[PDB]
Every structure is written in C-alpha cells, then in structure tokens.
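As structure tokens, one chain now follows by itself in the form deposited without this ligand.
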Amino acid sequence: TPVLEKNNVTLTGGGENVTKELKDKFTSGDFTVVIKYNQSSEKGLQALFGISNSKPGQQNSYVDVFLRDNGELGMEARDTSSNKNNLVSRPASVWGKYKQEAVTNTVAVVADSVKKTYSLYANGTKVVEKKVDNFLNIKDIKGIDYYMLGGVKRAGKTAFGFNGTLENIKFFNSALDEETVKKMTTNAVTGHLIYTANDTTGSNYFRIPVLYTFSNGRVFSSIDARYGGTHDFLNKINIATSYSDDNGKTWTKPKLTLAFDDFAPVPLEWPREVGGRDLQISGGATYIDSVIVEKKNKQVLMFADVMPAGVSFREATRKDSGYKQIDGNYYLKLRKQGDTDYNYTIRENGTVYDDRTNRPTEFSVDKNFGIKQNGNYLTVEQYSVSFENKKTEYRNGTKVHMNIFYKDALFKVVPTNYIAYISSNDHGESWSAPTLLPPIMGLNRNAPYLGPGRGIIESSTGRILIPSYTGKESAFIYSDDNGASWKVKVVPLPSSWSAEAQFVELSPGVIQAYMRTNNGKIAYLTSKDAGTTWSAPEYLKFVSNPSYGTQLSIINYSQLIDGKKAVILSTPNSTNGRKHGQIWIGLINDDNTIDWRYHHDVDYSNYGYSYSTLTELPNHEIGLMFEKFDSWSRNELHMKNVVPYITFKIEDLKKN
C-alpha cells in the first residue's frame, strides 16, 4: 500500500511540491519509491523526486533518485551536518528515445535500514545493490522539511529539475522485497531482451550479438554467453542461440550451441567495484566471437574462435598453428603430460599417434574433442567458482570428459587460438560436431580472429566469404567448393587495426569489406574479382570514433530504396566512447560508389552503443540487436540485461 501515489505529472524543470502529503508519513525512515516516467529532454542531471532540508546551509541534506543524459540511474542520500554522502548508481540502466518517441521506463529505489543497503531497479532488473557503512534513511538526515517531485529543493531553490512526465509515482514507507519491485518495474522495455541474465543459458552476462535471416523466413540469433562477467579474456564463454519464426515477435528459449563443460553453465555474481572488476575466470576453455552464414543449398554454417583453458589471447604464441604436416596432410598436435615437446598427432578417425614411432596409440579424440583410452572416456573434475571479494576456482566432484582444450588434460593442444565451425541442415535447430579450421595462415602462424556478424555468398562465383583479422592484416577466409575446403586471402593493412569486418556485394563480382581501424575511422576495401584482390583502403567521411574503434554491422537490403539498391550500416559514432549509435542507409550508384543518404540516431548521443548486428526481417523491416552500453569502459563491465533487440521500418530509418 502506497503512502502517496501521483500520476501524469508533466514537468519542465520546475518541480512539484508534495510536502503536505508526505511529511510525517515515513515513520521508520525506510522507503521504496517506484517511478514510471518518460523524459521530454535528456540533458543534465535530473531527479525524479527529492526529499530534502530546504533551509539555507542544508544543501547537502537530501535523498534523490536521478537520471543522467547517458542512461545512468542513480541515487544519493546525504547529510550536511554529519558530512555523510552516499551515491549508488549503474550505467546504462534506462532508455531515452526510440523511433522519435520518448521511452517509458520504470525505475525504483529501496532503502533498507536493517541491512544498510540501497537497491536500484530499472525495467525489471535490479541494476545495483550496495551495502554502505554510512547508511542514511529519511529520519537520519537532520531537518527534512521538503518533499518534491521532479527535483530537490536546496537552499530554497529547485535543483536537478526533471523534464518529462511522471506517468505514475508511488511512495512506500518500508523497504519492499526484491521480487516485488522487480515485478513492479517490468514493462515493455523488459520485453526487448532475447537473452536475459540467468535464463536457460545459466549465464548472467552476454556480449557480441549476431542476427541472421534464413531463406525460409526464420530469424536466427547467436551471442556470447559470458559467465565470468563481460571480459573478452580470461573468461568462460559459450555460444548461445535463439530463433524466431514470426518475424522477431517471439523467440525460442536459448540453447547452448558451442560450449565446453570444464566449468558448468551457472550464474556468477561478478564484482563491479574497482577492487573486484578485474578478476577473471582463469582456468576455462572458451568459444568466442561467432559468425553465421547460410549456404545456397540452405545448410547453415556457424564459426567461432576457440581458446584453450588458461590461454590468453595476449600471451598465446603467434608462431605455432597447433598443426604438423605429415605426408601432405595437416594434423592437430598434442603434448602429453610430462613431455616438453609435442610428440603426438590426431590422425584418421581421431586416433592419436606417437609421431616418434609413427604408430597409433591406445588413445583417441572424439568429434567433440574428448579423450578416450581403449574406447573408454578419460575424465576430469569440473570446476566451480566461489566468492568470499576473493575468488576461488575449485574442483566440484562432477566428472566430465577429459578434453584436449582443458587445463587438466593428459594430452593438450598448442596454447594458441583456433577457429571451429559447425553446420546445420534444419535451419539452426540442430548442429554437427565442430570442425577445427586447418592451418590456412601457414604452419607457423596462429589462426586469425573472426570478425563477428555474418559471412556472405558472393553471387557471381558462389564463393563463401568469412571475415577475420590478425592484428596487422585482414584475413578473408573463403571456400570455392561450397564449404568443403577453406582458403584465405591475407591483406596487409596500413596499421595494427583490430580489423573486425563485414562484407557487402555492390554488383556481381564486386564486394566491399567495411572494418574497424586503430585511427578513428571506418575503412572499406573494394574487390572487383569476388575477393581475390583488394584495393587500398578508403574511409567513411561521416563516422568519427575513438582510435581504438568498435565492431560494426553492414548488410545488403533486398528492396529498392528511392529506386536504388541499398546497404544498411550500424555503428557507434562518437569520439567520446562507444556511444551515439547510428543506422545509415547507403544507396548504390551505377558506378559502385555509395550515396550515404540517410541516418538515424538509435537513442540520444550519450547513451552507450558498442557491438551491433543488423538483419532484414522477412517483412522487409530491419532487426537490430546491440550492446546498449560502452563495452570499452572499465566502469561498464559485468552489467546484466544490456543487449536489446529492436526494429525499424525503412521509413523510421529515413528520420534524423
């Protein structure tokens, strides 16, 4: 039961006094406030409400909940005389606008005196809970005399004035429990998540969404389910998938499609504070950065990077592919426990050979990288993770198959990165066992790193193209035999670009690779022979990003726009961070230049926008999934429920 409920309060910075209605209602001093609002302007710091001592000198005696122009939700509780100042917040908590309309959000704050915590909720997620030593409730702050909607009265003046409509606001004079407030804050925004914290995947975190529309009208998604927070590395990451047969309206419960079981797919509460956020899961085999393509025969391919347990992308050797060539064939090498050298290879039928004697052993490696001895699986104990802000990785008593990618294996692969792929003949419902890519970069180089998103089938040749990169070169992985065998075109770049790329076809035989650079710009290279040879890079003139850059998404679109063949591009566009997401429409001219005629700002310019993926829906609308946060910032690590799915008509995308 609310002590006060108000509704449809429209404000333009000036606030509304509710002192009469609330003074003396908070007898314990605890509170819960639930606010459903939309903003008419996002600029500045804006308080949804404010409870204060308004007198001269008591400016630092107040409680509020606030929004920032970047989507951060926070609260303060401050007392002037005792000089105590609490601030609790989480980045990337709310939405601003969506297709020209202010987004309705629902947030809440819970101040619990017994356990000395402030909790904040936004759109069904408890975005933060913090225990504080200097806890303050309404009665702890001396001389509270003013209760206000849409600001805080400080020294007789409205501060932090809110611009928007408080659609509904409820004040409660007790700390309401977690599940009740989650439910109260659930709304239409909550529904835009395909993957949610601790869903079927067992993961609390996701990054690197990929969308793809199959030829039968199924809309497919894949994502990194990152268990040990959002770290690229070290981590325990699986690839999860989910699909829609109704144009993206409803989605299957996620499946784990590429996963190792040296660690279980269980939810971990990863620390976000400065002293814990650098912590990593260190002992766990990983799939990361997925790429999808549909072949002409309707078979689907998914590629991902593979990292053995404990192997850092930074530290890992770049001068060993992990393969040995024997009588013209390439076989994966292994080192047995107790040996310094790699004396063994995986040859026909997974049989492990001792290369010194050239004889098969009693050991074999199955199609899922599991080790057998005389037909029986070897096992190891699985690891769990425990926190007590020290983290422990410990053996949990469950036996799993010993695997060549695991820390505790009898036979191990070379500690480097690999690429694996799997195929599906039923539009993504079931998948083959993984195949590791052969040493296409050479025996004495590591595999490339995939550029997440999609691959393409170039139409004139039927060549399958998969984007990847080395750190110094582009590596365009391809097959001219419908995916039976793979080759690579390696293209030196102007600098050390982390060249995450995507392809478009402009006209038959003519393709472009758009990619991330280390110079602030998006580069594109052009091939007029279906990827065999590439021009020097050119740069988009209208995107300006930080030097580190971000992944992009670009797709071909099937319908004419203004009479012309089109492409559609998604990227952040800001020098200040991974922010200011835009979708751009490019119209192909007869000379194969592009007229980049339209752009659309996805939300307000300070709102986070990192890795993204576009797809054309069967109805010819556009689906977008994206990281609605800044995935470079160390302040925005390890956040839950921050990778939404939204959609746009071309008519929406023409606006901005």
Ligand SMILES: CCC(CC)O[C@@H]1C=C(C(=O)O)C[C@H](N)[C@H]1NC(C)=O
The other form holds:
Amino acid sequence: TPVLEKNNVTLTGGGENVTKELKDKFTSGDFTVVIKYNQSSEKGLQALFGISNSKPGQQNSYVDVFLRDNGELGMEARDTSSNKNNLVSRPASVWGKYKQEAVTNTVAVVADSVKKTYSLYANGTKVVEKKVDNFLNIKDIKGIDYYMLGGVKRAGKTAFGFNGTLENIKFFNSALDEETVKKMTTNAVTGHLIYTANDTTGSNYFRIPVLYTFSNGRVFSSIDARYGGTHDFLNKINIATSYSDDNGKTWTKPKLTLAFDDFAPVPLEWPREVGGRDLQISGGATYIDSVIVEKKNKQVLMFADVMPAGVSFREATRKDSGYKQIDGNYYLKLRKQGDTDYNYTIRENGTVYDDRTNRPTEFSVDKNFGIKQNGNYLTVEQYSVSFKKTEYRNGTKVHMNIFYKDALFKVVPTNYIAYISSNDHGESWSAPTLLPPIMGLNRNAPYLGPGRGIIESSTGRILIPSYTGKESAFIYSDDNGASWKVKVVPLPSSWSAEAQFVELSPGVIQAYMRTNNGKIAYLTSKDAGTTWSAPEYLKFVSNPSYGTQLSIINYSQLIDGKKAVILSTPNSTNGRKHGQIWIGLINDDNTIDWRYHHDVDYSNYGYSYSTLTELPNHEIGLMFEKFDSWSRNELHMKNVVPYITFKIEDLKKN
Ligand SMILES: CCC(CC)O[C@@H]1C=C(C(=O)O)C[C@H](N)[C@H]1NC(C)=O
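Hand over the structure of the form deposited with this ligand bound; the form deposited without this ligand is what we had up.
The complete assembly is shown below, putting the previous chain first.
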C-alpha cells in the first residue's frame, strides 16, 4: 500500500514540494519508490525525486534516484556530518526517445536496512542490487525536512531538476520484494526483447544480434548466447535462434542452434564490479559471430566462428589452418594426448587415420565432432562454474569432443569457421561442416563479419564477409554452396574489417566495413566480387578508431522513385553511441545519395552492434545492442538487446 501516490505531474526543472505529504510517513526508514515517467529533455543529471535536509550546510544529506543523458539509472544516499556517500547505478537502464516521442519508462528503487542493499529496477529488470557497508536509509540521514518530486533541495535551492512528466509515482515506507517490483516496472519497453536473461537458452547475456527475412515471409533472428558475461573471450558461447511468422509481432522462444556441452547452458551471475568483471570462463568451446544467408533454392545457411576450449582469439596460432593435404585432399589434423606432433587426420566417414603408418585406427569422429572408439562414444566430465570463481567437474558425462580441453584427440588450437544448412526455414538444421583451409594450409581461418551474406543476382555467387585483421576475406561459392573459395583483399591498415555487402546494380557490389581510422570504409566490385577497388570512406559517420560493426541491407521497394539501401551504425567519437539509420538512394551511375537519416535514441545513449532486416510488409526490423559493448564499464549487463521497427516514413525524420 502506497503512503503517497501522485499523477501526471509535468515539470521543467522547477520540481514540486510534497513535504507535507511525506514527512512522518517513514517509520522504519526503509523505502520503495516506483516512478513511471518520460523525459521531455534528456540533458544533464535529473532526479525523479529527492528526500533531503534542505538547510544551509546540509547539501550532502539526501536520498535520490537519477537519470543521466546516456540512459544510466542510479541512486544516491548521503549524510553530510558523517561524510557517508552511497552511489548505486547501472548504465543503459532506460530509453530516451522512440520515433519522435518521449519513451515511457518505469523505474524503481528499494532500500532494505536488514540486507543493507539498494536495488534499482528499470522496465521489468532488476538492473542492480548492491550491498553497502555505510548503508543509509531516510532515518539514518540527519535532519531530513524536505521531500520533493523532480529534484533535490540542497541549501534551499532545487538541484538535479527533472524535465518531463512523472506519469505515476508511488512511495512506500518499506522494502518491496524483488518480484513485486519487477512486475510493477513491466511496460511496453519490456516487450521489445526477443532474448531475455535466463530464458530457454539458459544464458544471462547476449551479444551480436542478426536478423534475416526468408522468402516464405518468416523473419529469423540469431544471436550470441554468452554465458560467462559478455566477454568475447574467454567465454562459453552458443548461437541461439528465434523467429517470427507475423512480421515480428511475436517471436518463438529461443532455441540453441550451435552449441557444445563441455559446459552446460546455465545462468551465471557475472560480477560487474571493477575487481570481478575481468574474470572469464577459462575453458569452454565456443561458437561466436553468426552470418545468415538464404540460397536461391530456399535452403538457408548459417556460418559461425568455432573456437576450441581455452583458445583465446589472441593465443590461437595464426600460421596453422588445422588441416593437412594428403593426395590432394584436405583433412583436419588431430593430436593425441602425450604426442607433440599432430600424427592423425580425420578422413572418409570420420575415420581417424594414423598418418605415420597411413592406416585407419579404431577411433572415429562423428558429424558433431564427438569422438568414438570402436563405434562407442568416449566421454568426459562436463564443467560447472560457481562463485571467488571456481571451475569444476560436475559428474555429468558428455561426449568427448575434439574441440574440448579434455579430449584424447585435439584440433590445432586455432579458430575455424563452420556452417549448417536448413531445408525448413530454420526449424531444423544439418550437422556443422567445418570450412576447408581456404586461406592456405599455413594460415588460420578468417573471422566472420556478423550479419548476413548475399547472393549476387547476375552470377548467383554466394558471398560471405570475413576478415583477418590485415585483409578482407570474401568467402564465396559459384556452385550453389557445394564448394568454397576466397578473395583476400589487403587493407590499408590493421582493420577489424567486419563487413556487409550491398548490390547496386547487376554485377556491381559494395562491401561496407569497420576500420581502425574512425571511418566506415566501402570497397566496390564491378565483377561480382572478383576484383575490388581501393577503399573510399563515408563522410558523414565519425567514430572512435577502434570502430564498431555495422549493418547495411538492400531494400526491395523504391524510395523517392529510386532503388535504396539502408544502413545502421553508431556515430560518435565519444563511444559506441548515437545510433543512426541512414537511407541511401542509388543513382544511375551507382553513386549513392545519402538522403535521409534517423537517430535511434538521444546522441549520448548506447548503440553498439546492430542488424537490419526488411519485413514482409516492407517495414524495417532492427535489433541492436543498446549499450556500449566496448566499454569496460558496460560489461555483463542483462536485457539490453531490443528489437524495434520502423516505417520508411519514420526513417525519413531527422
Ligand atoms: C576480439 C577479436 C575481434 C577483432 C579482430 O574483435 C571482435 C570485436 C567485437 C567488438 O568490438 O565488440 C566483437 C566481435 N565478436 C569480436 N570478434 C571475435 C572473434 O572475438
């Protein structure tokens, strides 16, 4: 039951005094406050409410909950005379704007004297819960005499003045329980999640979204289910999928599509504090960075990077493919426990040969890289993680796999690429096929540029974007995917050259990519990817040197009477921020008129990896990482990868 409830309080930084209403309501000193609000202006630091000693000399004696112009939700609880100052927050907790309108968010705070915790909720998620040693509730702070909506009274002056409308605000004089407040903060923002923490995947975290629309009208998503926080490495990562048969309104519950089980797919509470957030799951085989394409025959492909357990993408050897050439064929090498050389190969039917004697052994490797001996599976114990992080054997047996820490036979500790095909628009998938040593025997595979591949219309060539760190690697097939080759293109510098393709006209394609110079590069081919021009750079996007992944797609419908492309990227030198969608119209000479752009949220809000698809109804689907995924400060955060949609008319505005 609320001790005070107020409605539709509209404010422009001046606040509203509710001292009369709230003084003498807080017996224990504990509290819960639930605020449904929208901001009319995001700028500066804004308190939703403030409880304070207003008297001169007592400006550090207050409790508040605040919003920043980057979408961070926090709270302070301070006492002046004891010099105790508590701050609890989480980045990227709220939404600012959406299609020109202030977004309604619902956030809450809980202060619990027993547990000595402050908890913050936003939009259905508990964004942070922190035990504090210098715990302060309202009674602990000396001489509280002022209770305020939309600010904090410090020394008789309004501070942190809120700009917007408090739609509903509820003050309770006790700590409400976790699930009550999760339900109270649930709203329309909550339904923009396709993948959620501890859903059917078992993962608390996700990164690297991909959207694709199939020819039958299904909209398909894939994503990294990253179990040990959001680290790229070392980590345990599965690729999950989920789809919509109604233009994105509703989505299937996620399935695991690419996954190993040396570790179980289970939720882990990954520490965000400075001294824990660098921790990693050491030793777990991984699929990472998905790429999707639909063939002309309606069969679907999906590619992914494959990392054996323990193998950091910077301790992975770079001068070994993992393959041997024997009598003109390529066979994946294996090392047996206790050997120093790689004496064995996987050949026909998965039969393991001793290369020295050139004879088949009793061992074989199945379609999923699992090891058998005389037709019976070898096993290893699966690992679990508990927290002070420990990794231990949990008593469950899973198949021994050549990608594992504890395998009798092991692949070269480097990165690989695998692909799976589906004949039923992603309801079921073939077993994984590892790509051949397309870069050469004495080089490791490239790394995929996440998003989609394309079928170039004039040749039917399939093109999959990848990179080496020094070169673009344009993986292609000229035989409807039966065989694979690569065009390697030296870049001007050490670009993490994540790319996506667009066709401009028949035979003519462009690869748009990330760079290490702050700009988006694009390379043009006028022979369907066989040869590539020197790079050019977009003049209107300006990012940090490290760069971010982008999304660009072809669009089926004319815009202003012209063939169009649609680009999504952050655009900011301050971080992975300021998401924009750009409409480019193709001219008769194949130059692009970049005529329209739309800012996804306010400029200082988080926007990292993103994916665009055209919906069957010709609206646009976007899923994106609504946080800064480079920042060491915005790691291991739950429920931060939403799906939103636009009409062309929406994307014309800004
Ligand atoms: C960490 C290596 C790579 C650069 C070569 O960074 C990429 C950057 C990423 C990023 O900047 O967010 C995420 C990618 N998933 C990652 N790729 C892999 C394979 O780990």
